[PDB]
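Go ahead and model the full structure; you've got the sequences and the hints to work with.
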Amino acid sequence: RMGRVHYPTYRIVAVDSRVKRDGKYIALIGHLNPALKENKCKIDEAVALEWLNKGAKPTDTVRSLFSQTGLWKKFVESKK
Amino acid sequence: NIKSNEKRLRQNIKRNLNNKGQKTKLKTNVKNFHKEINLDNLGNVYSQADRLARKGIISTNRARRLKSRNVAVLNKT
Amino acid sequence: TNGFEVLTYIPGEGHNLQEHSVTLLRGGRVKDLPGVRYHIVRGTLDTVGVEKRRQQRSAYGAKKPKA
Amino acid sequence: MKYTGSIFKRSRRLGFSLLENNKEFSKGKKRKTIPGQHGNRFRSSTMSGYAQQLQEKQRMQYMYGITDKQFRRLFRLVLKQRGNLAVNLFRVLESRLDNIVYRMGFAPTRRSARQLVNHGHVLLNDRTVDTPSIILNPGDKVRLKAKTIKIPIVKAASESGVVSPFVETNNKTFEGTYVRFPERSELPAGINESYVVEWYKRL
Amino acid sequence: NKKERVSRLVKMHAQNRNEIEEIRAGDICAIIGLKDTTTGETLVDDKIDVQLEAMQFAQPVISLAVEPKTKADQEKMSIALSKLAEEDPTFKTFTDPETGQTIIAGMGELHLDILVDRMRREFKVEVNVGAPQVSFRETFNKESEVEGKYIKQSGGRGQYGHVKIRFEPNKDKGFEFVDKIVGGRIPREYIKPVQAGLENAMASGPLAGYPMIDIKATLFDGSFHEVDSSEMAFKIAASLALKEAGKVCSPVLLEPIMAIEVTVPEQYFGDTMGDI
RNA sequence: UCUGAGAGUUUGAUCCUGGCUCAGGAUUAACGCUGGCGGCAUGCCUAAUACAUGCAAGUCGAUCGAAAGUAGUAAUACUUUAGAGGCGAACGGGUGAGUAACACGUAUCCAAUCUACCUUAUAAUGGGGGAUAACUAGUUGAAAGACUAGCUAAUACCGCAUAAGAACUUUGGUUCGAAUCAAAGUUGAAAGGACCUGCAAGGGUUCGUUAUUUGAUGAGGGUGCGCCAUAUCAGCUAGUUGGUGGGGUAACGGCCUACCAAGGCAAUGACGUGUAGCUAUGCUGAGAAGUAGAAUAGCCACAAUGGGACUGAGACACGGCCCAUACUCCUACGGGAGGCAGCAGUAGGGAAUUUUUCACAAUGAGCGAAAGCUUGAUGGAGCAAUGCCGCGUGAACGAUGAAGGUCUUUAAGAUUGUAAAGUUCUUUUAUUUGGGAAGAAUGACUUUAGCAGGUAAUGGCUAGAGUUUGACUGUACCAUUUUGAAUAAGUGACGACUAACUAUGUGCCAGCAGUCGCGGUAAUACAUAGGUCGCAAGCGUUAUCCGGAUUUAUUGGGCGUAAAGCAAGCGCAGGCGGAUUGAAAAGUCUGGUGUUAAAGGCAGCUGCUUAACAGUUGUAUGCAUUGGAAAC
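One line per chain: the protein sequences are A, B, C, D and E, in this order. For the first sequence, full-length UniProt numbering puts the final residue at 87, and the numbers step up evenly by one. For the second sequence, full-length UniProt numbering puts the final residue at 79, and the numbers step up evenly by one. For the third sequence, full-length UniProt numbering puts the final residue at 137, and the numbers step up evenly by one. For the fourth sequence, full-length UniProt numbering puts the final residue at 203, and the numbers step up evenly by one. For the fifth sequence, full-length UniProt numbering puts the final residue at 620, and the numbers step up evenly by one.
Careful: at least some of the hints might be erroneous.
What the hints assert, rightly or not - Computed beta-carbon distance windows for the label pairs:
1) A:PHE82 - B:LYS29: 47 to 55 Å
2) D:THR173 - E:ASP380: 13 to 21 Å
3) D:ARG13 - E:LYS508: 51 to 59 Å
4) E:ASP380 - D:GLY190: 56 to 64 Å
5) A:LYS31 - D:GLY190: 57 to 65 Å
6) C:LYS136 - D:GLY139: 56 to 64 Å
Stated by the list, open to error - Distance condition first, Cα-Cα at most 27 Å in a straight line; then the derived DSSO-like pairs of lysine-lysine:
7) E:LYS515 - E:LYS560
8) B:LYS16 - B:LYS33
9) E:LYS493 - E:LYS587
10) E:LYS515 - C:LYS122
11) E:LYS496 - C:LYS101
12) E:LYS515 - E:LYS536
13) B:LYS9 - B:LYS37
14) B:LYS27 - B:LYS69
15) E:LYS517 - E:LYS560
16) C:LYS134 - D:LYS9
17) D:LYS29 - C:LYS134
18) E:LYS587 - E:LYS486
By construction, these hints were calculated from the structure, which means they are not laboratory data. Backbone N, C-alpha and C define an ideal beta-carbon position, used for all residues, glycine too.
Structure below.
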């Protein structure tokens, strides 16, 4: 969490396996206000497809908001 | 102090003993190659280099380079 | 703490200087003498500061009068 | 200060009332004199326009009741927006919470308005407030937080309150709305714009 | 009135630390943490009654004085004596204007030897061994009329002063003054400065640096300039006159003799005789 | 939309140039004066000085032995890991000393690169062998432990066989010192879990095994460019310069070696000295620009000091090793142990910086199928006004100015002052009571439907349900919640610059002083008290930077006498330079393209009562490159 103290914030950051937080990133997915949980956030909807194209499995915790988005519905064709 | 480090410290020591044993085995094989040149010993040393580049003991690029030099110098015939 | 030694005017009435009492020198300006370029500070040292000053209250040992 | 502890010394030094007579009430032979003891056949030796700068800045400083750090901060806030910034400066100063609620007829004076706001006697559109900093915009409805409607002092003050044409007020339900921005001639313009912009020597 | 933070419990021994998480009631232990501590404190966390158990606390008897050898050393003795006073409530240390040095107190010599060992090994003090010194009063014989005298040119017009006054010492009444000028030979504004030239010397001595007390006077004669004037000249001349008066008439000190109520069960009273 | 304020000072008076000082902010600022609180951020710039304890890294029992233990007659259900082996421990932290450069930043070629775990997809998982940790016995010992022998397990390791594809080689087709294509000489890989199904023998689910290609990620090299000062640092350097041979190397290269050859750089400032982590950026200014390199971020580099090495993709490694140096500690005097520029913390220095604190709640990283575990990463609270910011010290009426104090030097008065008193209101803060947050439903787990290679089940993918994660918090916040104005403001100045004058003492003294400089008988300049003013829980105030200081001048200066034209000349390099018309487009302008991270400011907005703050869209040149332009 960053930003104003006592006010959590969590940008959806990019990391393959070994990029520590608050540093270099390949692409910014968007933002998130983790105070009122409704998945209200702007995303490219193609940058996640960018990860899905060449691996670098996404972080396991931001998975729920993408389930609300539904990335499997456009990801199931990864192995067909 | 630290405990797994000591386990790791003694873990690779035996590994290193075995690996240097096979490395000097390759060394004496390529020394026999140096003494006089034949097809059979060159094939044997290539077969050994295949295993050694196969493992992490020897870099694949170094093995490829050395085998290229050896075939280059034997093709003088 | 360095080897160089500087001269300094003594503001305030009387003096709490007692033949090698610790002092704390501070940037100052006195045009009456070539060699004085600093001042002693009153209010925090072995010198507890002095009264009879309330128009000026900070650059001295002057408390607020007890009243 | 928020409560300077003495207002007539300062006013008799300057000479500005609230509307026409509030700093004087025939209290001790109502007169136009300084509170000092240098006589009153003369005022001072040095004369400068910066003295008028100080007089106007104190008059605007205290007749709406702000501090000085907030003062420069809000000049910056208005500096954000372009145009004739002086009139915007004054209209934003008028837009302050205590200023508006006073202009609502809801407060005997700005000090009283800040006091009633401080102890939680105001509430608008589910927005409580304890800081006199609300900027009033068209579309704001202001309520009294009628839990404390038992107070007879507020209703007595609103009996003879001053009405403003650019807003709307109600005399009995303690409610109002901010219809429009403040106007130049409708308000005391003793503060001269050129002098105010003259004082701005920060940058 | 402080909520203290407790780090851990432990058992001290000369070898090393020995810590145990809990201890039952009625036992003894040591606590690391508890940012400030002194003897006989009561600590409450179970929200129970606080309590005190102290029926004796020794007071010091001996007073010794030690001079410093370095200014930072002096500050370090002050700090170290404060620390030892906090460590054990048995003795008090003073740096008073009566002596202007370190006034220590304790029981015996070997306790002081241990203290100097501590402040040498840890506190870096190089304490010396000396003898105590106490303040004394200082009176003086009944001298005759004295005169204050001064010419010095001081930045422009010369500064002049002549005074002729008498000091009659007596412990019945203090500083007096009688207007004994009938013609008006002296201005009234000169009445005060000469008196001032006395006050600066009412609490110090020129021979031993100890207060000269019971100083009476009366302005009897004097001399200034016609076309020139001076005000503090009177005070400076009076100070010089005080020095001159002290020079001539053999002042004598006055020492505080103490009452001692010595006790013994009539066994070591031989010490009492052979010493007293 | 952007675009610059003066004042004072040499003189009998009066002008040029010119310095100095103030009016403006800003700080990782002490310390006075102190002081109520809410958030808001920060808190060794100083000895890269040495340091106790807890924390700073573990994890796999669904890979195994092996002993041990709770319940078990027994078989063992289960426990748990000292141990082997598996992964990781190099990532994460802080420091900035040495480094003056390919360190950094930018554009780059890597026809010289490599990258385990992911990525699409491919090839297979046959067996064989024997040690050994642990355990046991002993010597040596409190321990340390070493040396023998016996006992084994495993995805540990070593052959055999087998190769899709790979390397290696030869022929045949390709590009603006190389690459692809068919054929073949040589050669090599391994393993078992867990479950289902099947009497079985097999088969399937899934981890992993061994191989391959797309990628990306990561690291490294060269290149052009820009990126301190110094002439009281004039010549400097010899694996140095060049190639060959050979070697080493993820990899190109005197990277290294042998053979010889003889340079290489330089006045366009090399070499050497002081000094510096760099950059983005912070501050200031109207800008050009100047100062600094705080927090925060990226790159590099270090790790008590100097070297040398192994490990694995990956290190020459804060807490992996060896040696030496230096220091500390223990000891049985036999011998060893140790590395806070990890967190706190200590000791010293230092004017100047905190907790010998808590939860892993969320998220990050490592392990694991999962129960989850580890985490001073992370987030909290503690201290500090250190800075920006809000907020208490009350509010309406109430007087010919209550007491006092001061002057009126003569005696209404004037003054602090409607502030006092008094009427009454109210609780920001302080008090009673109750309710009570969110952040935390993320997360796996426990149950269904469809989906699909595979039907025989077991597996997963989502739509739905339930299980919980809280140090925070007793918080935020709310409530016809109760006594109660009750719980309180300092602060420098008052001659002029800049604003507000009287009096006591004062007598070139005490003194005061940003500048002008005042003070010896009437001080508005000193102390004193009243009053007056300016800021404000801060005000004093020097170290600190720019602006004014156009006070080293592209913007934006001068040299006749105020400072300066050399004593003059022959002039190399260099700068500038007649007209005409031609190519071309180097400078230059201009239109697209890649890039110029995050963050800051600017504009628009969202959230907290309100800004400070955070988040969000654009916002920042410039470098390379495609196309026009030919005026100079």
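Quick rundown of the hints versus the structure:
1. A:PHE82 - B:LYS29: 47 to 55 Å: This hint holds: roughly 52 Å between Cβ atoms.
2. D:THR173 - E:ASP380: 13 to 21 Å: Hint violated: Cβ distance 60 Å, outside 13 to 21 Å.
3. D:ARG13 - E:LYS508: 51 to 59 Å: holds (58 Å)
4. E:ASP380 - D:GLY190: 56 to 64 Å: holds (60 Å)
5. A:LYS31 - D:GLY190: 57 to 65 Å: This hint holds: roughly 60 Å between Cβ atoms.
6. C:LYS136 - D:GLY139: 56 to 64 Å: Given range 56 to 64 Å: holds, Cβ gap about 57 Å.
7. E:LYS515 - E:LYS560: With Cα atoms ~10 Å apart, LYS515 of chain E and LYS560 of chain E stay inside 27 Å; holds.
8. B:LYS16 - B:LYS33: Measuring from Cα to Cα gives roughly 25 Å; hence the hint holds.
9. E:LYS493 - E:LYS587: holds (12 Å)
10. E:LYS515 - C:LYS122: Given pair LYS515 of chain E, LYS122 of chain C is violated - Cα atoms ~32 Å apart, limit 27 Å.
11. E:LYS496 - C:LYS101: holds (25 Å)
12. E:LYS515 - E:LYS536: Answer holds: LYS515 of chain E to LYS536 of chain E is near 23 Å, not above 27 Å.
13. B:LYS9 - B:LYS37: violated (42 Å)
14. B:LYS27 - B:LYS69: Holds: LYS27 of chain B and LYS69 of chain B sit about 17 Å apart, inside 27 Å.
15. E:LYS517 - E:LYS560: With Cα atoms ~8 Å apart, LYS517 of chain E and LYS560 of chain E stay inside 27 Å; holds.
16. C:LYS134 - D:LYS9: holds (25 Å)
17. D:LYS29 - C:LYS134: Roughly 36 Å between the alpha carbons, so the hint for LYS29 of chain D and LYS134 of chain C is violated.
18. E:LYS587 - E:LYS486: holds (15 Å)
The structure fails hints 2, 10, 13 and 17 (numbered hints given earlier, in ascending order).
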